[PDB]
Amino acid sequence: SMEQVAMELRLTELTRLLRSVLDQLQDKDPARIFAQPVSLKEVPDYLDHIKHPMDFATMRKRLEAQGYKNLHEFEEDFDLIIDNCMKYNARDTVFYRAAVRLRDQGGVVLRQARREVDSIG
């Protein structure tokens, strides 16, 4: 149907916007602390701590399959990145501090992305 096509074009355009959002958030992580999954070979206890691991590569896989239906879903995954790190790592660590800085800078980007998603529909 043409209605199903139109819904698919909206999903595609959301995907475009989320791709740009993801690039902008990831530039706020120049150390690349959040680029890839935590390795269970190198942190064998991780899944005892963290139930839903998340990272930028994993988000990019989901995005490219048009797997985010709305901004809320994409924000959920970005928040997992930050929140998982802040739980596993102590306040005095480069990892924790990197996550605080990512959260603060990412807030800026997400605030305007919400306006754009509401505005364009």
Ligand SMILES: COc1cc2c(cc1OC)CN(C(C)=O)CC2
The other form holds:
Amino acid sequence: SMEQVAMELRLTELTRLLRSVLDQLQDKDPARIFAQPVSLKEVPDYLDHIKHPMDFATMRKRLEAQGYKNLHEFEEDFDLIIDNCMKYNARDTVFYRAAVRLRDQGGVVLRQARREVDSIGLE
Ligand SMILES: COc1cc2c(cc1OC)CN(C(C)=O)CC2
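Having seen the form deposited without the named molecule, could you give me the form solved in complex with the named molecule?
Complete assembly follows, chain above in first position.
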């Protein structure tokens, strides 16, 4: 149907905006602490601690398969990256501190992304 096509154009547009958001967020991680899944070879007990792992590579895979239906679902995954890290690692670690900085700097980006999604009506 034409309606289904229109929907898919909207999803494609959202995906384009979210790709830009994701790039901007990952720039705020120059250490690449959050670029890849935490390795279960180097951290074998990780899944005992964290029930829903997330990282930028995994987000990007879902993104390019148009797997985010709205900004909220994307934000959920971003929050998982930050929140998992702040649980697993202690406050005095480079990991925890990197998560705080990512959260603080990313909020700026996400604040405007929400306005843009609403404004352009991508949902
Ligand atoms: C072995 O290598 C790494 C280990 C970890 C991280 C990053 C790494 O390399 C980039 C990040 N971490 C998080 C997000 O909890 C702690 C574990």
